[PDB]
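Colleague: Chain by chain, the residues:
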Amino acid sequence: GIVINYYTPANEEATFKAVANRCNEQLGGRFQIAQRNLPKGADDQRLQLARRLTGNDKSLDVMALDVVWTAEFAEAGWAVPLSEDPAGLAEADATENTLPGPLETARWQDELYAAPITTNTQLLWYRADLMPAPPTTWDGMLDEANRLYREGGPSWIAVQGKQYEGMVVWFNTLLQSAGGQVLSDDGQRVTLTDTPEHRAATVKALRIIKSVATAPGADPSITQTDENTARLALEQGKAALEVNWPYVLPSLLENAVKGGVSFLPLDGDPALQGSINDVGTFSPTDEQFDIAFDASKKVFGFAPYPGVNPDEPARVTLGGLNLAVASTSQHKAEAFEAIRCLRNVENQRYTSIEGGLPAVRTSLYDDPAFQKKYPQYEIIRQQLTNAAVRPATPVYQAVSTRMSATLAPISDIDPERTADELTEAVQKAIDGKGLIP
Amino acid sequence: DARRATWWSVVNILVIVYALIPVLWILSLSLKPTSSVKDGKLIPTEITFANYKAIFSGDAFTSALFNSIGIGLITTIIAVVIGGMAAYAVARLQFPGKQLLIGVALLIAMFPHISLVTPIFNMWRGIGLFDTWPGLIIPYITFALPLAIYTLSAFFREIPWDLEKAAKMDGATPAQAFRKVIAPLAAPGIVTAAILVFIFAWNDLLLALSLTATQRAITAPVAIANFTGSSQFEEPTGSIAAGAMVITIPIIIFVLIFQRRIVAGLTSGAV
Amino acid sequence: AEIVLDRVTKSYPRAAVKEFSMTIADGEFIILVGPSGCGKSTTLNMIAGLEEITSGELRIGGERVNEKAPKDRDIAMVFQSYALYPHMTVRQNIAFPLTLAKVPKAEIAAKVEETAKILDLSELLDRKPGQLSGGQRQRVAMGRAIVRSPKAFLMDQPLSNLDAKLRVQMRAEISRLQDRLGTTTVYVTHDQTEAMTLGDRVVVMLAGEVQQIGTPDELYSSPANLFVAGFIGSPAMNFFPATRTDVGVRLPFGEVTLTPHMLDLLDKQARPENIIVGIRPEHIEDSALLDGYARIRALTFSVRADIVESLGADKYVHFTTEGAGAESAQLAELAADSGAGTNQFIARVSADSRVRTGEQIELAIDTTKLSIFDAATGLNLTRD
Amino acid sequence: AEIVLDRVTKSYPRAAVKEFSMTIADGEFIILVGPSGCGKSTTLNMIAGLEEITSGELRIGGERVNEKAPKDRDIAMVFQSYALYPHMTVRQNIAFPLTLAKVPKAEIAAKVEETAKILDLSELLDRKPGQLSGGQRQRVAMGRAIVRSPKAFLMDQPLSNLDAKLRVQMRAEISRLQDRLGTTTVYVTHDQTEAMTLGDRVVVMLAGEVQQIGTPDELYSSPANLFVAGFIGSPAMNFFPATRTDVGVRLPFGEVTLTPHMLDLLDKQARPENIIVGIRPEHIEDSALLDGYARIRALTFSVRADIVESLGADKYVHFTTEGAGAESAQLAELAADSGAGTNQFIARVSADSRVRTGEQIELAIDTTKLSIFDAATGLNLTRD
Amino acid sequence: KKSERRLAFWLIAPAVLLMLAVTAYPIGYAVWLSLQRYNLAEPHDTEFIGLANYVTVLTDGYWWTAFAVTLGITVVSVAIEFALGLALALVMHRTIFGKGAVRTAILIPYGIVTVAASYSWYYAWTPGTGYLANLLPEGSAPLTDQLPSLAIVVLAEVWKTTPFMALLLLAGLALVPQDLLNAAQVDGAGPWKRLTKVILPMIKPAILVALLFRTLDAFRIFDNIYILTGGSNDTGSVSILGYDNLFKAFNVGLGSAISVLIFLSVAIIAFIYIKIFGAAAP
Ligand SMILES: Nc1ncnc2c1ncn2[C@@H]1O[C@H](COP(=O)(O)OP(=O)(O)OP(=O)(O)O)[C@@H](O)[C@H]1O
Ligand SMILES: Nc1ncnc2c1ncn2[C@@H]1O[C@H](COP(=O)(O)OP(=O)(O)OP(=O)(O)O)[C@@H](O)[C@H]1O
Ligand SMILES: OC[C@H]1O[C@H](O[C@H]2O[C@H](CO)[C@@H](O)[C@H](O)[C@H]2O)[C@H](O)[C@@H](O)[C@@H]1O
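Residue numbers (PDB author numbering), protein chains in the order written: chain E, 29 to 465; chain B, 6 to 276; chain C, 2 to 14, 21 to 391; chain D, 2 to 14, 21 to 391; chain A, 17 to 298.
Simulated from the structure, these hints should not be mistaken for lab results.
Here are the computed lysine-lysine pairs in the DSBU-like style, where the Cα-Cα straight-line distance is at most 30 Å:
| no. | chain 1 | residue 1 | chain 2 | residue 2 |
| --- | --- | --- | --- | --- |
| 1 | E | 266 | E | 326 |
| 2 | A | 291 | B | 103 |
| 3 | E | 238 | A | 264 |
| 4 | B | 185 | C | 78 |
| 5 | C | 172 | D | 172 |
| 6 | D | 158 | D | 78 |
| 7 | D | 78 | A | 115 |
| 8 | D | 158 | D | 124 |
| 9 | E | 325 | E | 68 |
| 10 | E | 286 | B | 58 |
| 11 | E | 68 | E | 461 |
| 12 | C | 158 | B | 170 |
| 13 | A | 115 | A | 213 |
| 14 | A | 17 | C | 75 |
Computed footprint of chain B on chain C, listed as stretches where at least three residues anywhere in the stretch have a Cβ under 8 Å from a Cβ of chain B:
| no. | region |
| --- | --- |
| 15 | 73-81 |
| 16 | 100-108 |
Rough simulated footprint, nothing fancy, chain A against chain E, three-plus residues with beta-carbon under 8 Å:
| no. | region |
| --- | --- |
| 17 | 72-82 |
| 18 | 248-254 |
No residue lacks a Cβ here, since even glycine has one placed at the ideal position from N, Cα and C.
Bound conformation, chain E alone:
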């Protein structure tokens, strides 16, 4: 009996194993659904996928890819477009009930090459047990962490500081928020310093990065703090703040129930006995979720993402996952039935409620049980009104690695000469010249 290899990044494996089980139970004898893990890192996630297509592997069928790459796969002629179902259904299902922004990521030139399944922006997480209103400005955020440092508390900022595409997210939020952008709207040219207003935007964004990278009492490893470290730094109590993604929620509650984090002894309460699953996931009852969250919300919580200016709410950069069907699979009509049922409207209820990833089926944010179990929902919706895309063009990944590699340490940058440095590297990457480090 046929089985479909569903590739996923490693950060949401247990969620997609639950979804895969559901679908595998629903589908009957047709075919099985089986998950596969690409790496945790936002460009290694691509490495191990492109290596399965540059070599013609038959063990590749359905793949979850990052919203940033798709123009490359489409222009390469991988990831075959959603018109090609024998059922015709995927192009309708992709259009049906999505948030509109993620759906616009999934088409290269009018035609769809993938179907959105998850979408995420960023929230400013903070320790309510040691700090007041979540610092709105980066400046006020450094001020409050400076207070905590002088008081001898959890001074670290836990930003996504590393030499990789997952850090260019942060810088590109700052540049977009300051009113600049990396590429022209047409994708045909650089624009980092096209106008002296863009010069002011980029140099301010670089000063802000330099400031957080170097302020007294900062986290020692901040040049190498990958995204996964930030979650752990807050949960370790070492950082009063972070600017992570919208999935740090359950991870904290889980790590408060299964013994773990000292500032939230939920493991001590009889109400949570047997609340954690025998497969090792959390998955509480409704009352166990509610008591876990009502104990947590006084110590730990969240706010919309900080502004560059005093009163300009940020153009926070859009992230997510789009499912595609690969070129190389021998059968593939079956893979389109798999993508359809993987993005099923019940199926992605679990993806948020226990999986932490924000669903893309619009009605789930209106529904009362979801709005109860997924308490961060309103901020995410709000930000998706003005959230900036990264510039869709097939060169993206070659640009994003050049930009990041020019900011190799996150400290140790002259903002002015580094702005030219970024323009030069980004120019050469649109030109396709030279060697990526």
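For chain E, the structure is supplied; the task is to place chains B, C, D and A with the ligands on it using the hints.
Modeller: For chains B, C, D and A with the ligands alone, coordinates are given in the frame of chain E:
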């Protein structure tokens, strides 16, 4: 002399400590529960099998180990046979230019993998054939054969072929006499060369990594190098350490048994 | 069983056995003496079937055998190297040829135990080779020969690796079992004194040609040529290349007035102008010693003795004299391995002699022990 | 150098260098002798400082050499295996100690040329060793010593690594060298002939202590004990036990009456119980010869001859008997490793003898050295 | 003559059917492939180009930084791995006890899987976590600075490769007769000249093959940088540059030029040993 015997007794334990603590560290870091993860003590506390249970829970390691062993045996055997067939001609025959044939092998033994990886992935060995075992076994064999040639040549310089002259007076027919006399002396050499090829072929990461990417042929070093946590929101280091302890566990007991052979084979019998 | 060979030859890029012949009757332990690089090992290899007869023939009595395969031929070689199969026990190493010859295991258990009783292995036989003493190891290699109740025995200087006190001991054991077997047999060597200790007929080669053959007492008393004469015996002969003068040979310290007992036997042919005369160190006496008419007539002279030493029961005594020592015929041919400082002559006295180093010693000599050879050829005038 | 050494006491957890004292002097050539394992190499190593002096003292010049470092503790040494640095020139191998001693290059050149003329190396000092093979390398090794003009010298045992023939030249040149130097030297061997040749005194030892020492002719003629008499003069006596005898001795083939002069020694002390008679293979003759006024005391006998030695420079025979002669105070140590047998014996006979094997060999004895030994301690009664 | 020659050539023939079409042919293909405008995402079109791939690698700074870093790590790691390996060989050669305990221990860092030996150092050098890292001062940031990172790369590679080198030196050294040392010792050299003046000039061929084999294997390093720092902070050695330029960007033409240019650099290193030091096979 009791003071110098004490000094040697100290030197002996110091060199043992140097070789063992970065191994025992992996075991202790694995056995430390996720509460003692991020606690700086080398001396562990509350040690648990839970991380090891989490390695074998799910079929992720079975195929990596089983493929490592399968590839080890097949690359051993084909290297030992053709390497021995070369080693007999290199030792016993005295043909012109024979130094070139031993000289070139010991060079390609050291060849740079990051050269070979580009053309092969862009050939019928990655576009035609790809991830199935031949796509590894063919490059593996190539780095293995020079070690087979050297070690087997050292054993065939050791055997006295004048024992064949004695045997050819103990009756005459070589198809009985040579067969019955020589094989008992060849055996400890060839089994030692087989062990050393099996181990030397085990751990070439760049080719193992770059030419595979499937549940078939993703060998044990690649499995741990892709592995980065058993679980969603557990600190992954204890699970990684367990995986490293699992993957190493066979080859330690393997070299622990055959030590005289192992050092003699590398040393060409000099110790 | 007897053996014979005739008109033989070998070749190498070197006619190592060029035109050899011999006869090897029952019980004969033939000893094949000479300098290294003769056809020694190679002729034993031909006889064993490990080498090629380029011309001539070999016979084991029952047939001609130079035509025959390495199957049969000279069975029961033993090795100069003491070569053995070290994975097996010593008992298995003794038993192996009989087991290869399909001998029943009860017959093995008897003949292995008898051989291990003949040899010094009765206790040690359960061990592997190399875990055992070199004389025993050599003994197992002799066992390999002994067990096959063979047509012949071939020794290949089997005393090779032993110390001298054990060489002379094992030489007796080899003699006993050679006599107890009664085989036609062979033993090559470079040791002249060891060759006198056993065996029915010495044979000697310059390279591939036989210089002489015969029983070693006849060989020592009647050598054909200065090469074979000088090689034989422990005390090397004092040789004087000299003027073949009419009275007999006039050596300037004490001239040989040669009596008709050899001088009329010389005058039966045309006399030579130059000669080499040889005398055995054992034939010299101190002239201050001995008794009777010999003390007058024994060709006496005095020289300053340059060393002496007792050797236990005797004294070796050393001195220098004149002679034509730059020329050769069958003499420089020995000097290859040993022989220099031609003026150094040597003599033998009993330990009762009062002589010492660094004094004028009178020495006495007589014509019964004298030998003479052509200065032009090295062939002996005295005997064939 | 003054060469005075005492109280070894190097005994291992095993007597080793346990009681030794030397009393050696300037200009002497000493041989150290015995079976293997006596501590001969270990006492030489203590002299060389390769072991430090456990008890007593080692001294030369005014120095407490026992307490000195391994460097220059013995100022010269040579090794059996011809120790030679293979990467160097032969000249560099000789210059090595002098360039370690940082001697100026003109002095190096003069002294290496001198040394390479004291030995026949003038045509070889330019070439690397192995290209200069062992037959030259044997000389190169002792060349190292000569560049020091050394205050004392340790020889080890050079000749036995060489093949038996070339030792005639090697031992001659070694003695000449000591003659040319005029300085103290010591040597070690496992063979009595190698000690008697070119030695000034011999020391015989076991278990880290001396059994006896002296001039070699006295050590031969006058052994301390019968086991020493089995070592020096390697053709050892026929040894027989007895209870007592009122006139002389009883034997398996005859009797001895001798003279009262030796019987006085036996009645000179309380040792009349179990005793040993020990007679050389020397002091024996063919009974057909040496008759005269001595013939009445020649004590003629006969025994059946099984084997003969017949090289004509001299002659000799085995002889045999039956009896429980397997007794030993320490004689089993001499019986263990050559010619072994309880009733196995040998006799010298002069070359005029005509006796053969398979017949009664008629023989006579010379009274002038017949000898007797304590059965309890092995001590010699006739002369110590 | 010709009989055993014919037998030998027929016995050699498999070991030149292999080790040619699976070595020299891959390289020869890599030469031609370096002459192409060839990107691995568009195999339907490609173009020949004369030299632009080689000129690019020869002039782009990302080649020269990574290249200079492999030479640095090569010379630093080999020197330490030699000097330690020599001492390690001498200890296991000359120790007075039952040496099998030391022979056991010295094989372990030789045998052990290179990735597992590398995670050991990765956690030992990460703050609040490694027993070693935990005894640097606060704010030390042990692994993120470039030179400290290179020091940790060196540490893993000397600990991992020195035991193999101690065996090549031991096999180069255990052949030496003890009496040559006894002679140098009684002649008064002491241990320093026993090493320098006496034994080292014998073991020259063995030390040369050992240094060569460590040198090329230290030049073509990958895993102990990949597992431990991923080429970040510009730490990437030459092999890792040849990875990214094929599997993080798809220009197989340039990745082939790196593949050739590595190989000619290794060939020139081997030539210096084979000519200028002889270094012939043991
Ligand atoms: N198979 C062969 N090919 C070429 N030359 C040979 C061969 N066998 C022997 N020779 C020649 O014969 C010489 C070896 O001597 P041979 O084997 O006849 O007895 P030997 O070894 O000299 O005697 P011993 O064993 O007493 O020293 C060599 O110098 C060599 O030139
Ligand atoms: N460093 C040492 N440690 C322990 N024992 C030693 C040492 N050196 C020598 N010996 C003892 O001395 C013996 C070896 O030297 P010795 O001179 O006593 O005999 P040998 O050298 O075997 O005799 P030969 O020189 O005749 O072969 C051994 O039996 C050993 O017990
Ligand atoms: O939500 C889990 C995912 O987080 C990361 O992805 C976010 O950050 C990226 C770059 O690292 C953005 O490109 C992406 O759009 C975001 O979703 C992480 O890279 C992913 O592997 C995780 O699956």
